[PDB]
Amino acid sequence: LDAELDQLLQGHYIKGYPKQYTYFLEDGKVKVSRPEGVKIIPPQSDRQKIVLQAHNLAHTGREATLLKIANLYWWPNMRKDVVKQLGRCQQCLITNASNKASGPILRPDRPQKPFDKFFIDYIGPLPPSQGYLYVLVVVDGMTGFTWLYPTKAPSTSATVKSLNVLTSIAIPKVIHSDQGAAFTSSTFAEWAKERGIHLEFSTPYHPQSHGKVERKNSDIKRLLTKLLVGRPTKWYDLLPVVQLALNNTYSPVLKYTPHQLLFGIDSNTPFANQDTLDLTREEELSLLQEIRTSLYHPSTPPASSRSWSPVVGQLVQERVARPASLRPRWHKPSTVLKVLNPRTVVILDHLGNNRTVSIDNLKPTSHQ
Amino acid sequence: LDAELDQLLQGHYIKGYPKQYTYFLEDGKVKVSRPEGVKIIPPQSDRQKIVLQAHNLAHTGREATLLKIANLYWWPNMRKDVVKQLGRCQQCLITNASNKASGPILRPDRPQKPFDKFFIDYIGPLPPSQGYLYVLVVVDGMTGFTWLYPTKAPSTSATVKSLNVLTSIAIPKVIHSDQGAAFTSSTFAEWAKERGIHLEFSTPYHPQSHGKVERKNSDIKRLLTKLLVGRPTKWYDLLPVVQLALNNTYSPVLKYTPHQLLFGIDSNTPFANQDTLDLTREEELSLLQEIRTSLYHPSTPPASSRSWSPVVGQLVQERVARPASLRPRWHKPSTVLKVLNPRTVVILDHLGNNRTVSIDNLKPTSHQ
Amino acid sequence: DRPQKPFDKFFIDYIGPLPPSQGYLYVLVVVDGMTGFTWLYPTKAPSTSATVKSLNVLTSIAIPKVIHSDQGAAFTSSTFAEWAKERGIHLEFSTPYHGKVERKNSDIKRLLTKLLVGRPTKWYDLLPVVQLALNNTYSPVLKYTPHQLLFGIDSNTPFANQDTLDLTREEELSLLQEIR
Amino acid sequence: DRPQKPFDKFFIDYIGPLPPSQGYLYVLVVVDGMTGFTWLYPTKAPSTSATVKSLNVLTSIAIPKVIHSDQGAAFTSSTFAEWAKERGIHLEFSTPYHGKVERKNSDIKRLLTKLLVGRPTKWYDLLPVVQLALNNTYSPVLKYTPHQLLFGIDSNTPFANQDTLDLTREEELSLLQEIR
DNA sequence: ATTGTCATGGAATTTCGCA
DNA sequence: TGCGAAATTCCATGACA
DNA sequence: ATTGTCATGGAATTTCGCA
DNA sequence: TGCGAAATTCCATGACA
Ligand SMILES: [Mn+2]
Ligand SMILES: [Mn+2]
Ligand SMILES: [Mn+2]
Ligand SMILES: [Mn+2]
Ligand SMILES: [N+]
Ligand SMILES: [N+]
Ligand SMILES: [Zn+2]
Ligand SMILES: [Zn+2]
Numbered sequence: 008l009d010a011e012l013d014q015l016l017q018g019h020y021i022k023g024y025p026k027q028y029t030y031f032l033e034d035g036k037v038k039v040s041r042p043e044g045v046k047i048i049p050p051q052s053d054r055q056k057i058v059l060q061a062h063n064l065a066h067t068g069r070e071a072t073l074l075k076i077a078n079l080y081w082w083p084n085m086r087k088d089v090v091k092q093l094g095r096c097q098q099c100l101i102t103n104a105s106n107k108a109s110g111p112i113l114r115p116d117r118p119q120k121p122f123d124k125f126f127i128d129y130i131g132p133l134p135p136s137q138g139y140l141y142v143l144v145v146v147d148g149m150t151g152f153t154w155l156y157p158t159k160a161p162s163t164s165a166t167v168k169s170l171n172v173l174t175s176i177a178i179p180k181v182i183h184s185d186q187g188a189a190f191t192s193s194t195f196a197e198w199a200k201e202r203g204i205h206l207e208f209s210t211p212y213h214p215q216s217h218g219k220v221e222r223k224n225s226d227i228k229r230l231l232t233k234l235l236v237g238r239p240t241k242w243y244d245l246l247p248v249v250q251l252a253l254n255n256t257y258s259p260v261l262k263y264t265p266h267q268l269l270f271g272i273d274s275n276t277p278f279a280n281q282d283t284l285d286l287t288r289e290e291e292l293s294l295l296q297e298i299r300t301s302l303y304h305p306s307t308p309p310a311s312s313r314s315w316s317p318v319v320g321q322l323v324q325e326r327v328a329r330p331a332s333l334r335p336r337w338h339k340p341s342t343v344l345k346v347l348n349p350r351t352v353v354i355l356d357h358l359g360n361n362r363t364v365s366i367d368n369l370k371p372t373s374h375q
Numbered sequence: 008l009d010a011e012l013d014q015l016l017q018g019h020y021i022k023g024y025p026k027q028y029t030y031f032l033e034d035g036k037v038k039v040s041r042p043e044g045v046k047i048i049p050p051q052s053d054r055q056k057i058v059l060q061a062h063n064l065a066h067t068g069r070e071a072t073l074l075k076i077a078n079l080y081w082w083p084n085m086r087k088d089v090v091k092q093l094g095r096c097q098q099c100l101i102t103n104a105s106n107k108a109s110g111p112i113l114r115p116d117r118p119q120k121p122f123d124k125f126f127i128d129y130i131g132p133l134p135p136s137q138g139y140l141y142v143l144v145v146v147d148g149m150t151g152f153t154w155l156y157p158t159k160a161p162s163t164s165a166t167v168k169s170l171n172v173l174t175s176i177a178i179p180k181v182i183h184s185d186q187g188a189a190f191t192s193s194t195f196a197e198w199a200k201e202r203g204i205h206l207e208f209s210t211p212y213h214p215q216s217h218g219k220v221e222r223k224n225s226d227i228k229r230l231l232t233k234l235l236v237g238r239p240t241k242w243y244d245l246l247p248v249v250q251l252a253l254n255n256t257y258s259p260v261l262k263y264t265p266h267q268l269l270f271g272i273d274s275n276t277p278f279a280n281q282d283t284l285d286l287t288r289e290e291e292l293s294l295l296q297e298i299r300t301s302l303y304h305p306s307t308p309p310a311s312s313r314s315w316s317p318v319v320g321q322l323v324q325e326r327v328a329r330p331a332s333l334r335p336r337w338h339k340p341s342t343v344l345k346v347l348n349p350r351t352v353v354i355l356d357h358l359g360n361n362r363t364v365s366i367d368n369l370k371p372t373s374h375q
Numbered sequence: 116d117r118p119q120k121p122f123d124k125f126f127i128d129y130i131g132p133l134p135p136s137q138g139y140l141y142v143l144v145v146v147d148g149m150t151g152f153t154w155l156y157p158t159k160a161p162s163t164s165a166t167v168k169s170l171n172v173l174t175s176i177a178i179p180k181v182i183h184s185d186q187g188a189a190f191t192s193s194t195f196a197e198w199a200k201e202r203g204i205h206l207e208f209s210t211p212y213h218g219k220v221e222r223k224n225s226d227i228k229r230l231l232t233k234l235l236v237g238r239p240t241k242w243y244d245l246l247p248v249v250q251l252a253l254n255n256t257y258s259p260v261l262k263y264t265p266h267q268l269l270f271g272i273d274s275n276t277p278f279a280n281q282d283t284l285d286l287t288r289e290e291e292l293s294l295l296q297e298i299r
Numbered sequence: 116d117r118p119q120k121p122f123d124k125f126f127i128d129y130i131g132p133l134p135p136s137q138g139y140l141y142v143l144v145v146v147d148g149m150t151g152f153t154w155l156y157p158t159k160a161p162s163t164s165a166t167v168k169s170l171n172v173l174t175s176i177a178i179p180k181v182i183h184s185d186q187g188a189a190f191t192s193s194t195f196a197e198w199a200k201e202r203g204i205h206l207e208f209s210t211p212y213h218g219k220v221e222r223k224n225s226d227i228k229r230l231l232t233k234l235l236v237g238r239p240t241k242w243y244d245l246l247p248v249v250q251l252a253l254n255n256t257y258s259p260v261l262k263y264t265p266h267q268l269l270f271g272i273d274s275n276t277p278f279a280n281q282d283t284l285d286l287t288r289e290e291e292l293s294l295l296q297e298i299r
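Residue numbers (the deposited numbering), protein chains in the order written: chain A, 8 to 375; chain A', 8 to 375; chain B, 116 to 213, 218 to 299; chain B', 116 to 213, 218 to 299. A prime marks a further copy of an entry chain.
Honestly, I wouldn't trust all of these hints.
Covered stretches of chain A', as calculated for chain A (at least 3 residues, CB under 8 Å) [stated by the list, open to error]: (1) 76-86; (2) 235-245; (3) 250-256; (4) 332-339.
Pairs of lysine to any residue residues, derived as SDA-like cross-links and limited to a Cα-Cα distance of at most 20 Å, are as follows [as the list claims (entries may be wrong)]: (5) A':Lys200 with B':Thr158; (6) B:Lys168 with A:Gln137; (7) A:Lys262 with A':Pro42; (8) A':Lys168 with B':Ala279; (9) A':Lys46 with B:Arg117; (10) B':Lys262 with A':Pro42; (11) A:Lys241 with A':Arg334.
Worth flagging that the hints you see were computed from the coordinates, not collected in a lab. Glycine included, each C-beta is placed from N, C-alpha and C at the ideal position.
With the hints as constraints, model all of the structure from the sequences given.
Shown next, in the form of structure tokens:
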């Protein structure tokens, strides 16, 4: 403050203040003649308050804050002080957007067998059809083979009724879903344990995580739409038609229909493939086992030029889920306890609870 | 049909059917022994119906359709026939997504003078504040200088009341807005003509077109949010504070505040720039005129690797604006009358009306 | 001749009437010929309409080339005939009053009777588990269960315990008591 | 000494009472000293509160270093003093009862009177156009209008016609009739 | 009959302070 | 006529609709 | 305590039919 | 051992949430 600025006025050298400019008193303040003009050098003790007044005018970031200050002031390493405040502005931290993208997506392995994993989800509400408003969509992870059930609500009870009908055929090892009320209820938990089924949940608000079923929803709606062109939206009677139609459609990249991947032979449906007519069932199944292992698997794409990947003990912020109007889009900062994989983390949320969370719902807190 | 297939069975050559494979009769049908297996060759007269039955199973595109057919059939140039049908499937044409991106955005010139152009728009509804729910945002094209007015509705009448107050200061050449009810009403048209103001409209559902104000909305909400952290959302009393705060904030890329761009001198606000203290007003204004011409102008970015640009007489489809559930996302095909610029066109919509339309709300109809 | 395959032939039949379970009285039985895989559907009647309603569910998953049945009224109706024709399913009838399938139908009748005793009215709920049992039951002729043959894989519910399937002492007496 | 600039000094004053126009009686007059640019605000009273309410609008656009006024009650109140202090505006008073600004205030009084006749009650609506006129009016001393000086550009509403500003024969007689 | 925009904060690049 | 650090500029990212 | 996906239709690349 | 055309594969784009 007044200590540092004293030695300066007489003309001795202090670290940070370049010796080649002339520093003087005038109007009761220490000044300095810089190329841009004459600026006041405030005492170290005044600087925090200044940076703060500047930043608070419009809660501006680094440069826009600095340009306000530089209008009247100069001191050594001004931006360092600006950045210090930005890092401590609760309001900027929870309101500003990020400008670093997530790391590149994972392409988890395809389940090895049919019934290893189901992805499940609800579509709707849809226009009423015979008093029904939702569709339960169950997608086998390995085959893509999909079951459709109309329901009146996305409820646990309607979920159980449908899955009892489906699990008549086979019981899956795992069933993966989002954290919706219907799948997280204890009633559903019991129903699963009762059967040796493990429940897997997607991180919250990240449907990419159950992308298989989300994606299948797209085909389901797309085909319903086409079949409903210029007629009233009576979808109930078409569920069975759509289910069959999709289960027997080729994926160009795989060169197989989900039906084939499930049974290794077409049923009596139009254009049934006949290639294995002369093989015994047992020979057929052996060629199926081979087909299942050799399916195309996508690889993780290149990182975008400005991504971040989570590091343990990093300060990060979770996105507010359903933020009210004129309220911040981000939660207060929190700490990365564990890096489950490069795209998934456990955070201690300052309450503090352990939350498992996608990096897509995260930003790295700015200014360290 | 039976003509072409006859000469073939005896073993003479027809264009399209490779001479090196053996073609025969069996079960009442013409067959052929291809590497993949034995396929039926249908008569030319049967082929359209086949392609159609195949395509209609799940309304599949090129490959997924072809793979169904190839299960039972072979004929020359099968995909050509598949593509012919896809091009005539009304339902596929209006329901499928595009897979070609728009051409690269234009960066129109900055208005040369303050008051040359205003961009205007409404924000809201917002939580009630003193009985107010909307904000009228008026942004000067050249300066960015912005006026805020709270309103009870996004109405013409409230628009006129606000613009009368604002145009007390100066009258603009042009006022650009979206095609909202409030700006397209005849009452507003009259109010503008009455004053020598030209009304400019954005193409429909393309706010990028008035991006200046849309973007300013973001800062307006962002700053209101920060100032409202942990207090009840009483925004009415803050409009004047926000307006001032923003009008006097630096754009890092320009190195100027909209206020400076408008007046060439700061008013009595915190951290007023003093660089022109010793110049006469007239010298100041002369340096302002120079500053205004030399502002940074962004350039049009690179095209994405798979974009399309509109060509006159091309078949294209306009996106349905507020499509109902399970209804197509695209209108029927239509023709490009005029290419206004590479990102804007006039289409005859088959009704047929002339509509001016952004290419972002367009897809090029598939399969010619 | 080409080898036998799944979906070549479905064998359907009704079992009932049974005691009312949640409004249902009968069971449509569908057994795939090649695999021995069984599907069961509760109906309210052995009618053509109940058959079409149930088969619509099944034929949403997989369609047989041939359906085989006895000459039950539900299966010989021309409604049912029209239904099959619409789906390119050829119909096949055993002559009135006259292998692997036959054994399966025995297993089903018997396994029902077993669990139907003590709870004659709760069978609706048991259908899923009955099927799972039937379908993960080892076939002495083939080295495989119907599940394995259908899907080419082991199942996550192996029924390692082959059961009595026979009626114990307590049950014979309370089956002779229920039917009084 | 440094040259005169816009926002260096605002000159404010009230005009009124006037005939009721849409509930308003007075006009706060703000003239920027250097440029001669005029802002007008309708008020219901020449009170400190009406002054702060109106100046809040203006000071949302630009803030003067100094405000100059006569010793009107609205301007000498300590509420108004507190208001100025809050915004770093220094207050400046002409001594009781005692250039470019003076002429502008004359123009305003006169131009109002002109248009106020025939429609003494419709003045509220006319304020915008009155300002535009005043501000695109050529200054004989400087080569420029206040608009030009404020913004450094020509305006899209030039008032090429300098007007009588004087009261015609029909008006003198109906001003002598209205005020009867 | 018309058309994206720009605050943001790490990284990349340039400039400064000093010999 | 070159070095280390500070200043400035670059620019991807995302959010307004 | 967990993780994107895949139909689509022009373009790019490979294969086929023929010498 | 090479050419023109057909077939196949590649892959950006967008939409499910
Ligand atoms: Mn029978
Ligand atoms: Mn006075
Ligand atoms: Mn908007
Ligand atoms: Mn979903
Ligand atoms: N994995
Ligand atoms: N332009
Ligand atoms: Zn802040
Ligand atoms: Zn189609």
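- Taking only the CA atoms, is the gap from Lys200 (chain A') to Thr158 (chain B') under or equal to 20 Å? Roughly 30 Å between the alpha carbons, so the hint for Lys200 (chain A') and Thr158 (chain B') is violated.
- Query: Counting residues of the segment 250-256 of chain A' with a beta carbon closer than 8 Å to any beta carbon of chain A, are there 3 or more?
  - Reply: holds (count 4)
- 8 Å C-beta test of the segment 235-245 of chain A' against chain A, three or more residues: holds (count 4)
- Message: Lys168 (chain A') and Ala279 (chain B') were given as a pair; does the straight-line alpha-carbon distance stay at or below 20 Å?
- Response: violated, 27 Å
- If you draw a straight line from the CA of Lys46 (chain A') to the CA of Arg117 (chain B), is it 20 Å or shorter? holds, 18 Å
- Item | Pairwise hint evaluation, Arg334 (chain A') against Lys241 (chain A), where the allowed Cα distance is 20 Å at most | Given that 20 Å is the threshold and the Cα spacing comes to 12 Å, the pair holds.
- Query: Okay, the segment 76-86 of chain A' and chain A, do three or more residues pass the C-beta test at under 8 Å?
  - Reply: That given contact holds, which follows from 3 residues of the segment 76-86 of chain A' lying within Cβ reach (below 8 Å) of chain A.
- Is the straight-line distance between the alpha-carbon of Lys262 (chain A) and that of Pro42 (chain A') 20 Å or less? holds, 17 Å
- chain A over the segment 332-339 of chain A', status - at least 3 residues with CB closer than 8 Å: holds (count 4)
- Query: Between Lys168 (chain B) and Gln137 (chain A), does the CA-CA distance stay at or below 20 Å?
  - Reply: Distance ~16 Å between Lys168 (chain B) and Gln137 (chain A) Cα, so the pair holds.
- Message: Holds or violated: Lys262 (chain B') and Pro42 (chain A'), Cα atoms, limit 20 Å.
- Response: Measuring from Cα to Cα gives roughly 93 Å; hence the hint is violated.
The structure is inconsistent with the numbered hints 5, 8, 10, although it conforms to all the rest.
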